[PDB]
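K.L.:
Next come the chains, spelled out residue by residue.
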Amino acid sequence: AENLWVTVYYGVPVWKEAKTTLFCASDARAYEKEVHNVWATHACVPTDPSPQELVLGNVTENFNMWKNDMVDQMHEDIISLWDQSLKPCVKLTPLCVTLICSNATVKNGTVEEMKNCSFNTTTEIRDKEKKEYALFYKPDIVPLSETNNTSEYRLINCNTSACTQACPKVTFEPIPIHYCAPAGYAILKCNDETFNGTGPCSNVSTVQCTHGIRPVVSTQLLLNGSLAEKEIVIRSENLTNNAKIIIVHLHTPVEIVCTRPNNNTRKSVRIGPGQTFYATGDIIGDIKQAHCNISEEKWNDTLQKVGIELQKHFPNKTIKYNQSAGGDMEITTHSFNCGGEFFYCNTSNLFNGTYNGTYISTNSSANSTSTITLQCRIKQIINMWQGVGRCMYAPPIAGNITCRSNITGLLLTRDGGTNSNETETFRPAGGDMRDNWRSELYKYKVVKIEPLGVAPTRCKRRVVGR
Amino acid sequence: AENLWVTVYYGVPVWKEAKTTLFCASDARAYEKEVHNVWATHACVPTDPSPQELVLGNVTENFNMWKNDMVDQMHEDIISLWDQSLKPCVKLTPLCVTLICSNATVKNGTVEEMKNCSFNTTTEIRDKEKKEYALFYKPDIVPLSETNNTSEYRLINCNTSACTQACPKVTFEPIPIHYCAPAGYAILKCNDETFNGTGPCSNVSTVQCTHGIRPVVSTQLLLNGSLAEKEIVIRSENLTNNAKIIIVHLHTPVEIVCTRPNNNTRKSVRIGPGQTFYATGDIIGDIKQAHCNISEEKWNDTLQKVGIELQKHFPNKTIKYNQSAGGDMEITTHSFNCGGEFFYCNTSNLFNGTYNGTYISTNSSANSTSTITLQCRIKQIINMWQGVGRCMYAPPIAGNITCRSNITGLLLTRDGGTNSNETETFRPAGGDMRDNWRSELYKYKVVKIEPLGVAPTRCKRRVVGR
Amino acid sequence: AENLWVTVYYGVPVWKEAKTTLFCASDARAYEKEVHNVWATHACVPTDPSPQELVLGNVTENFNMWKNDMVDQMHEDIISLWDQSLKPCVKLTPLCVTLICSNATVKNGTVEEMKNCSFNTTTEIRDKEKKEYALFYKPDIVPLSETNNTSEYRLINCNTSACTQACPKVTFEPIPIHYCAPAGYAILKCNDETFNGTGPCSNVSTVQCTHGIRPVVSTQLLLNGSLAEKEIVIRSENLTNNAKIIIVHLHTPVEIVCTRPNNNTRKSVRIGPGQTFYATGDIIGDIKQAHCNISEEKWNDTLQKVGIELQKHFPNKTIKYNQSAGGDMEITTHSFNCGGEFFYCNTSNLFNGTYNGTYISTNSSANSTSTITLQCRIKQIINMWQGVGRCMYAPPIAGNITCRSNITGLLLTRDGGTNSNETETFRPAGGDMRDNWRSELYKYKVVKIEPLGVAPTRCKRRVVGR
Amino acid sequence: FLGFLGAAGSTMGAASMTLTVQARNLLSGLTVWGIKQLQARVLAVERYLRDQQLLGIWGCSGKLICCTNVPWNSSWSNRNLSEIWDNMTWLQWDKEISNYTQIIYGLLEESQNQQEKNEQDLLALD
Amino acid sequence: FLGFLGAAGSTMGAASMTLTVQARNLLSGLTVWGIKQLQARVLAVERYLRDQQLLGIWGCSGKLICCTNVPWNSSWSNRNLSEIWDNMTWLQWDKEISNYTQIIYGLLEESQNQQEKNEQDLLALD
Amino acid sequence: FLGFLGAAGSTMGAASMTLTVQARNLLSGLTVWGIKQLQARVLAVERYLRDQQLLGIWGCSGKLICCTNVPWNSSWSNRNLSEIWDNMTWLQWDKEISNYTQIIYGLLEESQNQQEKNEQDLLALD
Ligand SMILES: *[C@@H]1O[C@H](CO)[C@@H](O[C@@H]2O[C@H](CO)[C@@H](O[C@@H]3O[C@H](CO[C@H]4O[C@H](CO)[C@@H](O)[C@H](O)[C@@H]4O)[C@@H](O)[C@H](O[C@H]4O[C@H](CO)[C@@H](O)[C@H](O)[C@@H]4O)[C@@H]3O)[C@H](O)[C@H]2NC(C)=O)[C@H](O)[C@H]1NC(C)=O
Ligand SMILES: *[C@@H]1O[C@H](CO)[C@@H](O[C@@H]2O[C@H](CO)[C@@H](O[C@@H]3O[C@H](CO)[C@@H](O)[C@H](O)[C@@H]3O)[C@H](O)[C@H]2NC(C)=O)[C@H](O)[C@H]1NC(C)=O
Ligand SMILES: *[C@@H]1O[C@H](CO)[C@@H](O[C@@H]2O[C@H](CO)[C@@H](O[C@@H]3O[C@H](CO)[C@@H](O)[C@H](O)[C@@H]3O)[C@H](O)[C@H]2NC(C)=O)[C@H](O)[C@H]1NC(C)=O
Ligand SMILES: *[C@@H]1O[C@H](CO)[C@@H](O[C@@H]2O[C@H](CO)[C@@H](O[C@@H]3O[C@H](CO)[C@@H](O)[C@H](O)[C@@H]3O)[C@H](O)[C@H]2NC(C)=O)[C@H](O)[C@H]1NC(C)=O
Ligand SMILES: *[C@@H]1O[C@H](CO)[C@@H](O[C@@H]2O[C@H](CO)[C@@H](O[C@@H]3O[C@H](CO)[C@@H](O)[C@H](O)[C@@H]3O)[C@H](O)[C@H]2NC(C)=O)[C@H](O)[C@H]1NC(C)=O
Ligand SMILES: *[C@@H]1O[C@H](CO)[C@@H](O[C@@H]2O[C@H](CO)[C@@H](O[C@@H]3O[C@H](CO)[C@@H](O)[C@H](O)[C@@H]3O)[C@H](O)[C@H]2NC(C)=O)[C@H](O)[C@H]1NC(C)=O
Ligand SMILES: *[C@@H]1O[C@H](CO)[C@@H](O)[C@H](O)[C@H]1NC(C)=O
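Residue numbers (my numbering), protein chains in the order written: chain A, 1 to 466; chain B, 1001 to 1466; chain C, 2001 to 2466; chain D, 3001 to 3126; chain E, 4001 to 4126; chain F, 5001 to 5126.
Below are the BS3-like pairs computed for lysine-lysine, each with C-alpha atoms no more than 25 angstroms apart in a straight line:
{"#": "1", "chain 1": "F", "residue 1": "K5036", "chain 2": "C", "residue 2": "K2019"}
{"#": "2", "chain 1": "A", "residue 1": "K130", "chain 2": "B", "residue 2": "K1130"}
{"#": "3", "chain 1": "B", "residue 1": "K1305", "chain 2": "B", "residue 2": "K1244"}
{"#": "4", "chain 1": "D", "residue 1": "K3095", "chain 2": "B", "residue 2": "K1016"}
{"#": "5", "chain 1": "C", "residue 1": "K2130", "chain 2": "A", "residue 2": "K91"}
{"#": "6", "chain 1": "C", "residue 1": "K2317", "chain 2": "C", "residue 2": "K2305"}
Computed from the model, here is a short list of chain F residues facing chain C with C-beta under 8 angstroms:
{"#": "7", "residue": "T5031"}
{"#": "8", "residue": "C5066"}
{"#": "9", "residue": "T5068"}
Derived by calculation from the structure, the hints in this document are not laboratory data.
The beta-carbon is built from N, C-alpha and C at its ideal position, and this holds for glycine as well.
Given these sequences and hints, build the entire structure.
P.N.:
Given below as C-alpha cells:
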C-alpha cells in the first residue's frame, strides 16, 4: 500500500499509576452547623458528588492496597485537621496546681476507677484565688511526684507537656467523606471482589469519586464500614508471616451496644480571664461501671466462620482466639468514642471460649443467646494519635451517655509461633488508624492520564496546502 | 433567499448577575508612612487607580442597594483586617489586678468624669512588683464583686475576655479605598439623579473602580460620606414599614466640631518583661466636659427640608424629630473616633421641637447664631463592631485633641403607631455600618461577562475546502 | 529588490533586566534530617542543580554588583527564614528572674569571662517553684536594676524583649544555596572572568542556576566563600570615597582554626510544662581561653599583594593596615557561627605591622612562622540581624568545640583622610550581611525574556487563499 | 481603547465591529490576602481556557467570527435577519435565544465539527 | 459524561470516535488548605498548556486528530496495521510505541514541521 | 540542546531558525513559602497567554512565524534589509523597532486583521 505515517491524537485513552494530593469532598449539609468538624472540617468542599462509575470491561491490571499511599495521605489529613481543631482552645496549664484528694462520696458509696481532688485557681483577677474540687478517673490523676502524702496528686501529663480542653462547639462526628481527584487524574475502583489485597484485579471501573468513608477511630475492631457481601474476607500484606497485621472483613454487620451507667453533673469552673474548665461534679443515682454488649452465638459463630477462612489460608490446624497479650489499656482493650467520652473495654474476656476455628462446626449452628458483657474503663486525658499530634483533655458530658455501633471487621495478628504443631492462636491487635484506612480504601487507586499518543496510519500524507 | 446558519461570535457584549471577591485598590503614598497601615494596607494594592468611566446610553437595568452583596463584602473585609491588624500587639492580661480607686483631685477641683486608681504589676523581673497609678474615665472601671471597701474596683472586661492595646503605629485614619474588579467581571454605576435605591436606572456607566470610600464608623450621624446629588433623598428597603430604617443624605453638608480640651498627660508602666504600655497620667487643670458643637441655623434649616421630603411620602401630616429610644450609650450616642481617641456624644439635646416640615419654611432665613452643644462621654475599653470583634484598648493621645467633620446623612425610624392623626414622629436609629456602606454603595453593582453568543447569518457555510 | 512587509516572529532571543522573586533551590539531602533547617528548611526546593552553562558569544552588557536586588532578596529571605525558623522554639520569658551570683569555681579557680548564679523556677506544679543554679558567659548578665547587692544580676535583654532558646533540629548548618529563575526569566552569568563588578561584561552565559552560596554572616573576614578568579581582586562602589565599603576577594585561600579549648558539660531545668532549658553545667577542668589562629607570613604576604594593588588605585601612598575605628566589641571584633558558640575575636592584634602597602615588596620572602592567636569572647544571647529579628539564646554544647575555615576575603575601609602625603591607613569593616552577599553575587544579573517581535521582509503578502 | 462594553446597547451589527476590544479585556491584571488575589486569577485563567477549548471543539479556533455548516430552526427564532441584526442588542438576543443553549452546543460538537473531522479524516485517508 | 477513558477496553479504531468528550475533562473545578487546593488546579493548567504548545510545534494545533508527513521506521514496529487499529487497545499500544518517544518527537518538531515552516517562510517571501 | 538564548549574538536571519528550542523553555519550573512559588508561576502562565491572545488577534495563532498583509513605513525604518537580517541581532533590532510598539500592533489588530476578517466574513456571506 504505502509507508505508514506518524499521526498525532489528543485525548487518547492511556494512563500510568502515580502519587498525588487529592480533594476532601464532603456532603454539603455539614458546614451549615459544623464549622470545625474535628475530621472533615468546613475546609472540605461542600459537594455531595454524583457517584458515577463505568466498569470498563477488557481492562487488565494488578492492585495492591498496602501500597495505596492514600492510606498515608488520609493519616496526614486526619492529623493535620486534628491540630487545626484544637488551636483556638484553652490549656490545662493554670490548673496544674498541687491536688488534695479524697473520694467520689455519692449515694453512700464511691467510684473506684475515680478520685475526688481539691485545688485552687485565680478568678478573672490575678491577685485573687479561691478553692474548688472535682472528680477524675485514676488514669487522669497520678499520685504526686513525691511520696509525702497519700492524698496528694497531680495532672498525669503536666510534668511533660501542656494539653488543651477542646472548645465545646468543635464537633467530633466521624461524618461520611468523599475523596475525588483533580483534572488529569482519575480514580479506579477494583470492582473485582475476591481481590485478596494484592493481585490482578480482572474487573476495574473508572469513578470520579469514592463512597462516603467515615473516619471512625478504633484500636482492634473495624466499625461502620467495609461490609464484604462476598465473604468474611481475611487479608494481610502477607498472611504467611505473623509479623504482619491481619484485616478481617465481616460478611454482615454485627451490632455492639455500650453504656456509661454512671450519670455525671458537669462541674464548670471559671479559670483566668474568662475561660471555663469542665469537670466531674455530683452523680445522679445511676452509678455503675461502663460496659458493652454482643450476643454469644453472634460472636462465636462469626469467629467459627473466620476459622473457616483461616483454615483456607492455612492448612487445617487448630487456630484458637485469645486476648491481646500486653501493653497499656490503649492497646489491650478495645477503645472507642461513645459520641462523647472515651471507652476502654474487656475484649480480653471477649477473645475466649474457642476450639479449632473451623471445627467449631462441631456446633456449626444454634439458637440465639444472651449478651457477652464487657466492662470498660473511661478516662479524659489522651495522647491521641499514639503520641502523634497535640495531646488533649476531653471535656466531660453530663447526663445519659450510652451508644451503639456495628462491628464490620477486625484487626488481628496470629500469636507468637511455638513449635505450632497442628496448633496456633490469634489475638486482637493495636495497629494504626492506617489499618482502618487500608480496610476502607483497598478498592481505590489513583492514576495519571496521559492524553497524548502517536500511531502509524495511512493518512497518505498532509501534503502542503491539503 | 436561504435559511440561516449557526455562527459563533466570540467576544459578544453581554452580562449576568453574579457575586465575587474584589481588589482593594488604594492610595499609593500611605504605604510609605507606617509599617502596617490600617487601611490602604500592606495587604491591599497601591494600584492608585485612574477614574475610568464610560457612559453607555440606550441600555438600562435594575440596581438594588439592599440586596447588593458588597455591603457585606466590605463588612467582612473591615472586621477581617481588624483582628489581624491587632493580633501581635500588647495584652492587658497582667494588668488585671484589684484596683484601689480614689478621686481625681486636681488644682482646686476634680476630674469628675474619671477616677484616679492605684494598682501593681510585675516588673520585668517576674519575682518583683511595685505600686503604680493612673486616671481612667469611669465607664471602664467597675466596683469589685463586693465593696468590702468602696475603693475596691476592676476593669470591666476580665470576667469575659482579654483585651489588647493598639500598637501606636496603627493610626485609625480611614484613608480612601477604591473597590475594583478582576477580569471577566465589570462594575456598573447608576449615574442617575433621584434614583431611589431600587428599580431600573435610566442611565448607566461602566467603571473599572469606585469613587474612594472613607470607611468611617459611626452610630447615628454619617461623617465625611459623599455629597449627595441635587435634593434630599429618602432610601429604605421599605418606605411604608416604620420598623425598617430610613437613611437620608443631606444635599448640602453641615459642619460639626469637637474637642476634649482637657490637657491629658501620657504615662507608662513596664507591665512585665517584653511589652510597653500607656495610660492617662496627670491633667493640667482647666477641666471641661468633653463636647461637640453644631450651629442651630444650618441644622434646623436642614431638618426643615428633610421634613418636607418626608411629607412627599407622608401627605399633609406633621412630622417631628425626637430623642433616642434609649438603652445602652452604645446606641443612644453619636459615637465616633478621631486621632484614635474615642467619643460618645449625646443626641437628646439635638432632636427636638419640630413644627410641621412645610410650616418650618416659616424659619428658612436669619442672621447667624451660637452652636447647640452635645455632651460627650469617654471610654477606652471598646467592643468595636456594635459589640462584636475583639476587646480593644485605646491609648490616650497627648493633650489637645481638636477635630472636625461634615455631616452628610442620618439614620432614622418613624416611631410606633399612636392615633397618628395628622401626625408622625421620628428618632435616630440603632443602625449598622452596613447601612453606612449602603449610603455610598447604592449606586453600584457587579456582573460577570459570558462572551459567547450563537447566532444566525446567511454565511454560505464552511464546506470542505471553504 | 522588493517591497517590505510586517512579519511577526515569536520566541525571538531578546530580554530586559527586571526585579522578581526567585527559587530557594538547594541540595535535597538535609530535608530528610532537618525540619526547619536554619537555611534551606525541609520546605525549600530539592533541586541539587545541573549546571547547564553556555556562553552565547558576541554578547556584551553592563553588570552592576551593587544594584542587583538579589542582594536584597537574599537579605530579606535569610532574615525572614531566621525568625520563621525560631518561632517553634523555647520562650525564655519565665526564666527572666533575680539572679544571685558567685564564682564559676572550675578547677578550684575561675573561668574569668564566666560566672555562676542561683535562682528559682516553676516546676510543672504552678504553686511549686524551687531553687537551682547555672553557669553563664558574663557579658549577657547585667548587675540588677539597683546595685544594692553586688551578687544580684539579671539577663541583659529582660527589660527590652523576650528571647528564644533554639531547638536542636534548627541546625546552623551552612549547606549550599542556589538561586534559579521562573520561565520567562533567565540568569546571565559574567564570564568576562577577572571582571571587577561594574561596567560591561564582554563574555556572558546563560545559566539556569547559580553556584552554591554559603550564608554565614562573617563580620569582617569572608569565610568558606568564593575565591577570586585569578587576581586577589578589590571591588568597591567608589574606591576614591573612603566612606564606602571595600571588598577584597583572595585568589589563594588562607586557612584558620577556631576553638573553645575548654570542656563544657550540659545542664537542664524543667521550667513548667514542656520547656526544658539548657544551661552550661560544669566545665571539665582547664582555664584556657577561646581563640582562633593565622600565620604572619600568609597574612602579611596577602596584605602586601593587596597593598601593591591598593596603592595602584591610591598612587604609592604608604598604606598601613590598622585596628578598629572603635565602638562595641559586638561590632568591632570578628564574629563567626561555628557550633553556634558565637565567637568575638581580637581583630585588634591582627591588622597591624605594616610598612608601605606596596614597598613591603622589599620584604616579600621569609621562612615559615607560627600562628598569631586571637583570643575571643564567647556569649549566649544575640540580637542576630545587627539590630532586627528575635532575640536568640544559643544553647551551650558539651565537649570539644573546635573548627576550621578558609579565609576567602576581607571587608575594609580606608581610614579618615589626613594630608595623606605619601601615607594612608586602612581598617577592618562590618556594615551588612549584604556585604557578604555582594562578595558572591557580583557575577549574576536577571533578565526577563520578551519573545514577540516584528520585522520588514519581502513577504509579498499572506494574500487571501495564501 | 474604543470602550470596553462601549457598544453593548447598540445593534448586533455595531457590536460585531468591537469584538477584539472586549476579548482582550477578559484576561489581564504578616497576611494571606494573596490567597484571595491568586484565587481570582486562577478562576479567570481557568474560565478562559474552558472556552478556548470549546472553540477547539467546534473547530472555531484562531478566529473571532466563525462560520459552520449547521442550519437554523424557526423554533430557535422566526424573527428574520434584520429583526435581529439591525433591530437589537446582544444583551437582548441572548435572553431571546437562551432556549437552545446546550442544544446548539452539542449539535455542533459532534454533529458539526466531529462530523467535519470524520469527513476530513476520510479525506486525509485519501 | 462518558467517563474518563470510556473506551479504554476498546480498539484504537473505536477509541478515535470518543476523543472530544475525554478531552473536555482534562480541565475542571483559618486554614492553609487553600494552597493545596490551588496547587492542584495550577498543576492541571500547566499540563494542558504544555500539550497545546507541543501540538502547535508539530503543526498540529486545533485538530484532535492530526495527520503529519513523517513516514514510519520499521524499527518502531512492522506489525500489520489492523493489529494496531482493529484489534489492540491503546492501553496495549502505548507500551510498544513508548520506545520511540523523543525519537519521533524531535523529528516532528524540526526536520518535519520547522522545515515545513522554513519552506512556508520562503514560499511567503515567494 | 542548542541552549536557551543560544543564538542572541547572531544575525536575526541566522537566529530565526532556532525558534522551537526557545519556545519550549517559555513555560516550566508549617510554611508560607508556597506563596512565593504560586505567585511566581501564576505570573508566568498569564504572561504567556497574553501573547498567545495577541497572536490570535492578528490571525497568527499556533505558528512561530506569521506573515501579515501590511507594507512598511520609512518612519518605522529606512535602512537596507541586509542590515536587519544579515547583520544585526534581534537584541539590536529591538532597539529600533521599539518605537512602533503599539503603533504597528493596533494596526495589526484592526486596520489589518479585523479588515481581513471583515473581508473574510463578507466572502463567507458571499
Ligand atoms: C568552613 O568549612 C568547614 C569544612 O571545610 C566547616 O567545618 C566543619 O563544620 C562541620 C559542621 O558544619 C563540623 O561537623 C561536626 O563534626 C563533629 C565531629 O564529627 C566527626 O567525628 C564524629 C565522631 O566524633 C563522626 O561521627 C563524624 O562522622 C565526623 O567524622 C560532630 O560531632 C558534629 O555533630 C553534631 O552535628 C551533626 C550535624 O553536622 C549532628 O548530626 C550531630 O547530632 C551533632 O549535633 C558535627 O557533625 C566539622 O567537624 C567541621 N570540620 C572542621 C575540620 O572544622 C566550617 O564549619 C565552615 N566554617 C564556616 C565559617 O562556614
Ligand atoms: C483484659 O485482659 C486482662 C488480662 O486477663 C485483664 O486483667 C486481669 O488479668 C489477670 C491475668 O494477669 C486475670 O487473671 C487472674 O484473675 C484472678 C481473679 O481471682 C486473680 O486472682 C489473678 O491474680 C489474676 O488477676 C484477671 O482475671 C484479669 N481481670 C479482668 C477483670 O479481666 C483486663 O482487666 C481485661 N480488660 C478489661 C478492660 O477488663
Ligand atoms: C438625653 O437627655 C436627657 C433629658 O435631658 C438626659 O437625662 C435625663 O432624662 C430624664 C428623663 O428621661 C430626666 O428626668 C428625671 O430627672 C430627675 C431629676 O431629679 C430624676 O430623678 C429622674 O430619674 C429622671 O432622670 C433628667 O432630668 C435628665 N437629666 C438631665 C441632666 O438632663 C440624658 O443625659 C441625655 N442623654 C445622654 C446620653 O446623656
Ligand atoms: C427650628 O427652630 C424653631 C424655634 O426657633 C422651631 O419652632 C417651633 O415653632 C412652633 C410654632 O411655629 C412651636 O409650636 C408651639 O408648641 C407648643 C408645645 O406643643 C404649643 O403649646 C404651642 O401652642 C405651639 O404649637 C414650637 O414649639 C417651636 N419649637 C421650638 C423648639 O421653639 C422649629 O420647629 C425648629 N425646626 C425643627 C427642625 O424642629
Ligand atoms: C580590639 O581592640 C581594642 C582597642 O585597642 C582592645 O582593647 C584595648 O584597647 C587599648 C586602647 O584603648 C589598647 O592599648 C593600651 O594597651 C596597654 C597594654 O599595656 C595598656 O597599658 C593601655 O591602658 C591600653 O589598654 C589595648 O592594647 C587593647 N587590648 C587588647 C587586648 O587588644 C580589645 O581588647 C581588642 N579585642 C580583643 C577581643 O582583645
Ligand atoms: C610584613 O613583615 C615585615 C617584617 O617581617 C614588615 O617589615 C617592615 O619593613 C620596613 C623596611 O622595609 C620597616 O621600616 C623601617 O622601620 C624602622 C623602625 O621603625 C624605621 O626607623 C625605618 O625608617 C623604616 O621605616 C618596618 O618597620 C617593618 N615593619 C615591621 C613591623 O617589622 C612589614 O611591614 C609587614 N607587612 C605587613 C602587611 O604587615
Ligand atoms: C527608536 O529607534 C531608534 C533607531 O534605531 C533608536 O535609537 C531608539 O532608541 C528607539 N526609541 C524608542 C523610544 O523606541
